[PDB]
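To start, the structure itself, in structure tokens.
For this view, one protein chain was removed and the others were kept in their places.
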Amino acid sequence: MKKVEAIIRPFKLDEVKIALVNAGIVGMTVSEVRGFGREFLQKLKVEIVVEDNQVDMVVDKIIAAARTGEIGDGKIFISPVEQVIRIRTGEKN
Amino acid sequence: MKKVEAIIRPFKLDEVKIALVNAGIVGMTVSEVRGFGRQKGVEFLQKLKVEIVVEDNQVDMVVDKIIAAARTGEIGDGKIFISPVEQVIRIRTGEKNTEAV
Amino acid sequence: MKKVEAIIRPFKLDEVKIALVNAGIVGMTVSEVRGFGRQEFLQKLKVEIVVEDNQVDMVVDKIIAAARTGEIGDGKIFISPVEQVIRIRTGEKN
Amino acid sequence: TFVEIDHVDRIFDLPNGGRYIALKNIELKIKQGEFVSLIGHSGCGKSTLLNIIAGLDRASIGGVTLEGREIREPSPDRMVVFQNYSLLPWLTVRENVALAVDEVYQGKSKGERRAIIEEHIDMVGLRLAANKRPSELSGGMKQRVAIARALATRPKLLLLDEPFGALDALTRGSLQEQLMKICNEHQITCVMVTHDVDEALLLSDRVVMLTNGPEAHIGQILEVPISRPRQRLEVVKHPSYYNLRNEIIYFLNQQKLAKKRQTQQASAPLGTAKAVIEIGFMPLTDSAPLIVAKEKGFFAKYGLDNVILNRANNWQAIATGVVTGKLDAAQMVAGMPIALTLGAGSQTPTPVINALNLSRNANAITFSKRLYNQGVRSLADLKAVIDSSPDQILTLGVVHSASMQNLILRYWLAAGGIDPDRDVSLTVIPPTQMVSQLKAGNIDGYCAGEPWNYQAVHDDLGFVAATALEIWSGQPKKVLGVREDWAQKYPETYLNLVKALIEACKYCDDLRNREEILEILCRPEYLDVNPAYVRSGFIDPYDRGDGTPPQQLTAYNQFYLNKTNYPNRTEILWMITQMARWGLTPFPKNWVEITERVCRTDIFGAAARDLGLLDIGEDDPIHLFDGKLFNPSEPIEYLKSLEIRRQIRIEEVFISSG
Amino acid sequence: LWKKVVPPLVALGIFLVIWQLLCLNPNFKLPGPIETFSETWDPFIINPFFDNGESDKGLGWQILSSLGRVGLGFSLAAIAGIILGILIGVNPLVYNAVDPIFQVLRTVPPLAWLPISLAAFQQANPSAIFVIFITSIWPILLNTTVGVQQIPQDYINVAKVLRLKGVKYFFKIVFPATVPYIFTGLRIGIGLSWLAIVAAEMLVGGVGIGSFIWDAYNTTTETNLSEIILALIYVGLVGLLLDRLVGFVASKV
Amino acid sequence: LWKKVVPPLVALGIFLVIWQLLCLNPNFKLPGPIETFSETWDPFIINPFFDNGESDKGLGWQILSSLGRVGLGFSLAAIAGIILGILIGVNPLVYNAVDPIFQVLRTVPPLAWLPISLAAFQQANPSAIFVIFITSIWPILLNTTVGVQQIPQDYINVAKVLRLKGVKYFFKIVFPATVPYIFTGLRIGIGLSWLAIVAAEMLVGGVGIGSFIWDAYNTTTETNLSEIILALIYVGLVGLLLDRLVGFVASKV
Partner (left out) sequence: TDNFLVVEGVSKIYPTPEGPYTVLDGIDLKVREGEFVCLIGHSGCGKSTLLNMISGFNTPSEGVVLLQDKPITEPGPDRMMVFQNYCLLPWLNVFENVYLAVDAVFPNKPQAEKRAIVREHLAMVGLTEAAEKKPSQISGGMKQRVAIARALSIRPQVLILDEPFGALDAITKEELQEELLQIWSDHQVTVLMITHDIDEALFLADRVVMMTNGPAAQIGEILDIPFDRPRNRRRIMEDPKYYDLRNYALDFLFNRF
């Protein structure tokens, strides 16, 4: 399991979810942020975790979702994840 | 040296810290996020992104405490992503990797 | 390459601006967190800075210097790893 | 994935809080273009399961999910075909079909919807009778309209709630044949619910046979390997179609047979008022939950009053005591309860149920220093060494003949290309004095518990070599076994006994309280050793004793963490396919019934929800170092795919009720 | 024809024949069939609409005047029976909260409302309608409300998997299902309405079938009894056709 | 219990308040709940069996006066379809030869017989009993004569396979197969019988319910309407008892 984390403009939410819902990736946490760049913007923080193979597929969709050339559109942070434990079931990995 | 991040139900708080505090973990960084998954409504839901850093010894025990407390039975109860941390620094003293808390 | 994710008091946000920009890396991400350590819940803010690995020391010291308060609720600094980040505007492996 | 029935645990509410549990932990994933058929003896939840899928009912826990998005209300995407005819009598068949299309396809006007009705009424074959009324139509094709209507809206999960069961057998046929052409001609998935075996197994793709009685759950997902293009009179002549039909018929018979027994068991004389309950155990730090349950008064907290812990000396004493009635509820090794219920050794099968598996991952296969200096440092090294020459063929050791010490050890040896009973020798030896056994030289290896294995490391008489974690990190080692006779009697004093140990496990699992337990396990009446012998692996980093730095084993004495406390069937059944692999017992032909008889999860479920605990045990694929993907629905195939084994012999094992 | 139409015609002759010979017997001093149509053939049988003034019109007018009241009446009840009948039954709570009251109110016979109906409405004409309206909704309302809750569970579920909830539900599942029950309610409502109109006039008088039969009894003449029997048979026929009229529309739907 | 008794009592409270507040309107000249029960409490509730001597006793005697008439009467009609009903039906030739006549006679409104009933019988007491007998007879035998024509074909076959014929066939196959339908006729008949008695006394006078309402209504007084509405409650309530007790008998068999 690997983590994929991206920052996108607030009004672009219904461009990655739409690009991801039909991509077979259901699940994502979106939280507000206040970036600086270059007073503070009101960007959005989309956060997903997927297997290693799906990173290339999902990452391409995210960049292709909010793709408008204007400085200050965010990046795609990705981090490792040792375990992903559900709550309803309690399974592992 | 591991970092728990347990997305839980919006109201299940006050049942996590009451039980989790008994496990020797005192520091927590609860937050608020909007979630979207297999639950039905109307499109984006509200969840708390409980965020804890724990020692490797009790990582498997802290996660168990949250699961029992935050469980509901119906889907949409969240997950627990455990990620590593290398150089946790406490600005009280700037100590080594040890939490000292 | 290290996702510095320090937690600081709300009042110590504008001070780090001079230190943050002076460090050479100014861009970052900010948010609000209902922190809970010793001190019920009290509002704090969480700052995420993906600083280059070779300059992690040069940034951590500045934050503590500008975030030094002494009283309870001082804050903590985390250092999480990253393997490669990309720019959504361009999309170049880093 | 497509429709997947997540863990669904529909509870039915009854007067006086009956809480009659209909289904529990029904996990089942359906792919696209699938025709899963939910065969099952009447009494279990079949319509209840289908109603949940149809959405007409709300699942108490969990819930079905379609295309990765839960369904909470009925919708025209998962149609149904009710057992009752359910046709609007005041509408012609064309208008009956027009009811669904006129409502769903609201974006299409007249003309482009007339074709939909006309063609759908034609594929099902209900062509000539297109203007009649449901009263006029006979019962035969009165159920074709319901199928035609359901297919008219082009649904995604067309369900079939036993649509044609009232019809006679001849009309039961010649209607499946019509329903076969639709499946072959079109691409439609379904979830059929049928009572007749021939109904399923004939137009289905994967039969999901449910268990019986309260707390139902899928027992065996039978698979039907027939080429999908099917003809009712050509599949019948398939070489291996009647073989499958005898598997379903045999299974359904067992539920019929082993349901009157359940009724008989309930209606039996109750037990007396026991003054003292004698519990047997063996000296091992892994037995901490039983000991701490007494010294800390956990038994008293639940009003169990006096309990006597009759410490044993050899593992055979526990087996003899419980079966003979001398003791009762003796903590015993994981694999022997399923060994006594099958009589591993031609002995009389005496039922011994398992409900509170209470430890895991506490075995270490240590070897003597002779192999260490020889060059043995892993499985591969040993294999070459033995191949050199017999040279006093190595004789290993095991605590008990039939348990998860003589099975996993054999599996580890077998996977290395070594025959346990030919290339080496396994001799049962009590752990108490096995420490002196190695010094004598009779054997060279161990499969004992924690405290005794470390003796060789501290005395420099051997090295740990292998470990439970690096062989299988779910390895059961202890389980609470009570004679099935002493379960209908004394319905209480068992749940209170089950509850007491669960709390004892929880108390002794926290790293903070483990230090206190160290002293309690160093008394003459309990495991008697110098306190600085059990520290390793419990509250100290494990010392492998093979010229390597100690490594802190985080989970090497699991008691509560990672969901240990659950008698999951999937891994007890893996023992049957290993006792049979070595010829210790014929592989039972009715494992689907013995397995749900030894693992009494009904007791645990009532002792977990009341106490507060994750009652839903994990689906446990038996993952060893070399995961072979054990499939807990076709053990015979798995048992036939192992390179080293003994002649497989399948027969029905019969056990007297008592 | 010869097996179902011819026989009853024979029944008339035998019934009439036995009815004869009772004139000679002093008991049952009723007009004889031979002379029942003797003094009534000319003035009444031949002329239905024998208008001559006020409260003296021929039998034709009386039937229309009485039948007209059951026309204007029983329609303010049918409209108020179907409507307000579905509203009860869909909600089990309200049904059980008023069901016992209708049961008691459904049993009070006609001509028990009339004494109080006249009090509220001084005029005589708008009192026969009220008694008919209030004595005819009960049979309709009880038959309509029961039909709503006797809808088979089969039709509800097939109306649920299809998202038919809304107004379309009540015009494709509920209403067409209770139509058979309504006509069962109208079967006895129409007859019960006729049961009161004929008896709702001989107390208050006025033009109509009632007060023609009743007034004849009060005034003894040479033709009083003959006209009562002649009127007594028309009430039977009109009742049959009026009730059988609802028996024909029922077949169509 | 609390879910089926509380609801209906709520309706009365709503009915009472709705019934109340209509007195404030002078045009709506009807008694209100506050006083319709107040003055009537002493002379007609606390002492139901108050006897004065001349057609002016208490309500209890008035109710039992008419209840006796429908009891002594309607027992001749009670065994009408029990005897005459079974004789028809078992004879298909005559069943079709009497159906049209009884259908017309059945629908003739009750109390339309009274004008000729008083003509046949000079007296009045054996005239308000005949009206009940001739009006309640039809629903009993018609609903009994339908059973003999609708005994299930299943019970005929089980009797043909055995050599069951003659008297033994009647008392074990046919007659028990109409009892479930006879009690449908009695339920309709008894309710329809209650209608005739209440209205019949309103035109012949004398002691008995019904005449009480007309007697009070005609004799306008200070509070005549006060007891008429109460009399409405009794006649409505009493009929419920008669209708429901007959159903209880049908419950046993």
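Remarks
In order of appearance the chains are A, B, C, D, E and F, and numbering begins at 1 in each one.
In this text, contacts are C-beta pairs under 8 Å (C-beta built on N, C-alpha and C of every residue); 3 or more make two chains touch, one makes a residue touch a chain.
When the full complex is taken into account, the listed residue touching the unshown chain is D:173, out of D:173, D:271 or D:416. Only one of D:42, D:306, D:427 or D:657 touches the absent chain when the whole complex is considered: D:42.
Within the complete assembly, F:176 is the residue of F:68, F:92 or F:176 that touches the hidden chain. Considering D:133, D:232 or D:645, the position touching the chain not shown turns out to be D:232 (whole complex). Remark: the residues of chain F touching the chain excluded from display are 154-155, 157-158, 160-164, 168, 172-173, 176. Across the interface with the omitted chain, chain D contributes residues 41-42, 138, 140, 166, 168-174, 177, 195-196, 198, 232-233, 236-237, 242, 246, 249, 253, 256.
Basically, only the chains that are shown with their structure count from here on.
Geometrically, the chain at the heart of the complex, using CA-atom means, is D. Chain centres here are Cα means. That of chain D falls 72 Å from that of chain E.
With centres taken as mean Cα positions, chain E sits 90 Å from chain C.
Under the contact definition stated at the top, the residues of chain C that touch 2 or more other chains are 31, 80-81.
Residues 3, 17, 26-31, 47, 49, 79-88, 90 of chain A are the ones that touch chain B when the two sit in their complex. The residues of chain D lying in touch with chain E in their complex are 54-56, 74-76, 78-80, 82, 84-88, 90, 99-100, 103-104. Put simply, chain A touches chain C in their complex at residues 6-8, 31-38, 40, 43, 45, 59, 62-63, 66-67, 69-71, 73-80.
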